[PDB]
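Coming up is one lone chain in structure tokens, specifically the form deposited without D-4-phosphoerythronic acid.
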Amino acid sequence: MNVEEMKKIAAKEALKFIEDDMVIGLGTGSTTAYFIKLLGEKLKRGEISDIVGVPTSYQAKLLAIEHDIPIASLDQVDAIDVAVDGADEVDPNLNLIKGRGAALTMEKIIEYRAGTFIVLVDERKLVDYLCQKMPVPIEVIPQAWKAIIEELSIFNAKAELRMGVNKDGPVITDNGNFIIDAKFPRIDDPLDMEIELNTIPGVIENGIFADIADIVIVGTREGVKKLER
């Protein structure tokens, strides 16, 4: 089973955790986009009812609108029952790196308050340790970008300002900030790294999502499997 098939199978499995009268955090990225589309189809056909989505990005929000899924802001709802999203890396303890799509801040805001956080990934996302393949995206107040790079470099991270393709200059997040991608060698304690990185003045949020994922749905090459803690 190729990559797109792996993503699709994970998205389909996620639907099994969604019920009528739920407020659902809507993730960002290609794997979760399949889930949003399928959810929209179920709602249109009447197979599920009374669903509201709380989008983690404009991407998720616009896609939900296109698919006629009711949308609400976090401060509009009383609670997020289930949040569904993807990940760039998932380590064996179900700690994640997220942020390749630049939406890590709203993602954490919404997923932190979720009853159940369900992560959708294809096989390639499973790593032996965080930063085996991907850098940690860090959202930063623009004025602080150079100072933060310097400081991370001392910490032995290879850190670079993320640059635009469909704009000149740096990538701007939905919040108007810059993103530094910091490749650390290997993160042995994700939670404490997550906490202490946020203490750096100018750091808005970082891409380590430790001790938050409840269920990881993995589209493996030979089918769907789940990891839980």
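Shifts are known only where both forms have a C-alpha. C-alpha atoms forming the largest set that superposes within 1.5 Å between two forms make up the rigid core. Numbering follows the first chain given and starts at 1. Compared with the form solved in complex with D-4-phosphoerythronic acid:
- Legend: core-fitted overlay between the two forms; highlighted is 153-155, the single run of at least 3 consecutive residues with CA shifts of 2 angstroms or more.
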Contents of the next structure:
There are 4 protein chains.
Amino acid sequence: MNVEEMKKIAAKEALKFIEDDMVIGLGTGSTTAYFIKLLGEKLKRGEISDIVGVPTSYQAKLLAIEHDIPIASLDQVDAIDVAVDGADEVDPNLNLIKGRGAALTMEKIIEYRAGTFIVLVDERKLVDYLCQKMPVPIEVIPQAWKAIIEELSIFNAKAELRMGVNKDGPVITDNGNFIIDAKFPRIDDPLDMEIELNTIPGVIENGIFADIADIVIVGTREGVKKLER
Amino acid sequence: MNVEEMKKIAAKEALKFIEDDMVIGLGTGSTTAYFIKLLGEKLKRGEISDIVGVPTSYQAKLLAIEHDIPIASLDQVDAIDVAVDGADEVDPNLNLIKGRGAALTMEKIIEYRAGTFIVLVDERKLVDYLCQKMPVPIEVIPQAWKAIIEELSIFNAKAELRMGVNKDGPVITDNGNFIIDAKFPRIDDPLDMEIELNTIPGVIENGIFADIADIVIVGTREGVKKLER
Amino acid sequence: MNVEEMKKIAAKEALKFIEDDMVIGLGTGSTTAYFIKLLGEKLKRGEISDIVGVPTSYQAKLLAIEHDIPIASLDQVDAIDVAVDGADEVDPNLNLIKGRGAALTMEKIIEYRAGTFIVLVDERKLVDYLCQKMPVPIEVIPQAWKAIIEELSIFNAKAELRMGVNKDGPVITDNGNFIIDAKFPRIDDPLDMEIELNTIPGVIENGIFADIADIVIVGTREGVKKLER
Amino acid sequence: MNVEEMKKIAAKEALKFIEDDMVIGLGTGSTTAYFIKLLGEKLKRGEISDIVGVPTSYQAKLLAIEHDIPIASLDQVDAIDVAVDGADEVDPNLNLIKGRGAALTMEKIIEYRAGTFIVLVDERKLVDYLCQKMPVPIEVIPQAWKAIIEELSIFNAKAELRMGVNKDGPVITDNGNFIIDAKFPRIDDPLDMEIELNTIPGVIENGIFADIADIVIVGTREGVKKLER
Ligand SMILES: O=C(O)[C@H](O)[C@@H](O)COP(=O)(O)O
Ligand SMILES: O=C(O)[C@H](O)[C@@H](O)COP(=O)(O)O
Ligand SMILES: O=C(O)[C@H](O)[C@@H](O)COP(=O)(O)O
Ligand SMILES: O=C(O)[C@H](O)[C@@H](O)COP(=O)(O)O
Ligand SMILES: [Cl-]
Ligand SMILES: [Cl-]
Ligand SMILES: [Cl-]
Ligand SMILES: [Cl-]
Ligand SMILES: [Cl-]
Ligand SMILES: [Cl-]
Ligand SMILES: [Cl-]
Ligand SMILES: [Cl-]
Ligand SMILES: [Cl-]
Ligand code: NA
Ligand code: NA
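Form solved in complex with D-4-phosphoerythronic acid, following the form deposited without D-4-phosphoerythronic acid:
What follows is the entire complex, opening with the chain shown before.
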């Protein structure tokens, strides 16, 4: 029904979870962008009120501003009620890979504190197992990049430094860091792999989001589907 | 000869200016990358020796490491004998536009102190005047991006925030900043424009490199040309 | 009749220039902290409303949040109506030196765009010329620090890299940079110097705020006095 | 023996582990500074040759340069043979607290990869249990700071944002982050807590250095004492 349609419906269904007076974590990427626009429209209409967004990236912040959604940083609010974001993969147990957009650090910081974490994606993102289709982004302190890559050979990860297109050299994240894309053949224990990667000195955050998503809203070629756990 | 062939010939020619015991500023982008690779091969072969490169970007640093060239940061060296780098545009008085690769801040810090600054370009980079074909990249403190865009426009430039391809949101420079591409009409006084642009609070560096290039090595369709101050 | 009383009365006077529907740049340091607390208390009472603060530092932001003043970054607002901040020195022509607090980059970014920049100070700050009592803080790209300190030689400035007390190594600014404090003999033309310092590749911003203050409110032993240009 | 000499002795002893052709992690702080100076002296006199230092901080890098010790970042070298650094506390099982100098991130990045990690302290730094006298420094992504303090206080840690003295606002680390100092009554399980702290989103590194030290060289009233497990 066209990918973009599968994303928008996921995004429309997400609104059902947003109520007045909420603090909302605003995610990064094309699917969530739809949700942000739909949200600002509903605000303007008056059909929702007293919403504050906590953007997970400059992209989110800018879009929120354009659609006149009031925003605040995490340290300005007392709690994140609901957080809405995309994902690069969604496994059966609702473990995710995120980070294509390179905003994984702020995303986890905000989504970790959210009462409910809502994930929006289209059909393509569903996988049988993590790393079936995509690598795991890992944000690293620049000087540790090579060692980390070499250290990931124990897990047979083919890891590569992500490189800029609209700048020369490595992609730099919003926090001044490099981003390694690690294609594992498989990851059998996402939660513990998440922990493992974070215990490596130099690793800032990794794109495995396990034990964190509350609901996954999927946009199918035939309406909408939802995954819960 | 095609373009790449033209870049290569310019890089080869520059080697003639490199001698044993030199501290060499290593520039950013495709044309200079040929130079770094050839410099590395010369060193490996014993054709040159006792050289130290001072990289103008993570790109240059990483390329040097891969090609076994000893490096050092600017504060580690006594001086910079020669700096070799590319350009987006070169006008008849040897004033340049740089910054496509988004590394203008370190490029200028290093090239500003070089005994000789050598520029490597293919024929296309020659312009009748600065801004005939390319915009001036401006590195800005992130939160000043909008104000600066608005201010430049009042000054008759079309400016836009450079956006990431391998990340969502804006391109982030190696120092954690945003970068704006501003197309001015034609700049008749590059040096005063370069100086006064930097006076704007939030403007960290701009891509006008005036009164600093000493030699421009130009790869042409059939051979090599050398322009000089 | 001591310094803190002098600071408070200047802060109290400043509040007089604030009206409903204003975007206010919130300065850095103890004098301005008094202003931020009074602005918050008046907002608590209901005596002014619809104000948004744009913080010049984490310090100002944190205090604003603690005093429940709505805030935003520069890029979220349409303009800055009034900006309030302190200074290390104020000369007769109302040029300043700022940056003891190391927030000079953000301060100048916000203050440059203010409809009215109000400076608050106790009488210790008044000087007969700039650098009579204090040095000029200069924010610099870390790897350029040694070269810049050497190059400052021509000005006969005694310059030192500012060192951490609650960290080892150099003070790091909010943007990840170093500060060199430079005590010049006496600055003839603050404006020219302000410009000349910034023209040095690697110098990001300097503490000379010339031709930008509109009003200086001064707490003295005799009570409050106001200076305008 | 006065304080320093305890330090000087330990450093003197440490040099005995250093051999020709080694890559050496250069730690942060007053104790290790004596080591870097002695090493510089030994290299100047030809007693050791062909060494490369990998600094853990700007303080270490700048002290190394002053003493003509060649240096490199981690990604420039194939391995770290020995890393030498100080500590705020040492427990009986040779687990440490570090981070008073705010350089814990690069410290752990380098020392984790060292063939042998040697720790230098005087008598005072020994403790019966971790946190008997020092807080655990935790480096955090700035917007997560308040949430992290709240989350930590749910575990009996008294935790405070470390504040600048030579800047206003929070201390900023070399990587542009904040530091939170957390005092638990005690840490019976150092390694477990070290891991747990790092799994919190927004925590980048913590000052617990468990099961990584290979040798602790203690300057002792007596004279000296090399501890190992
Ligand atoms: O993690 C991210 O960067 C994004 O949310 C990514 O997972 C999905 O972005 P998309 O909606 O454009 O596919
Ligand atoms: O300034 C830069 O970023 C580069 O040197 C650019 O000007 C040239 O890149 P190129 O050699 O790949 O065309
Ligand atoms: O420039 C700064 O950092 C401050 O505004 C400073 O100059 C004034 O601080 P104070 O009001 O505590 O003296
Ligand atoms: O961890 C650090 O930052 C330092 O090693 C420090 O904690 C020990 O410093 P000292 O040798 O000056 O006491
Ligand atoms: Cl992302
Ligand atoms: Cl780069
Ligand atoms: Cl560039
Ligand atoms: Cl890109
Ligand atoms: Cl972004
Ligand atoms: Cl300041
Ligand atoms: Cl400090
Ligand atoms: Cl440091
Ligand atoms: Cl601050
Ligand atoms: Na950073
Ligand atoms: Na920066």
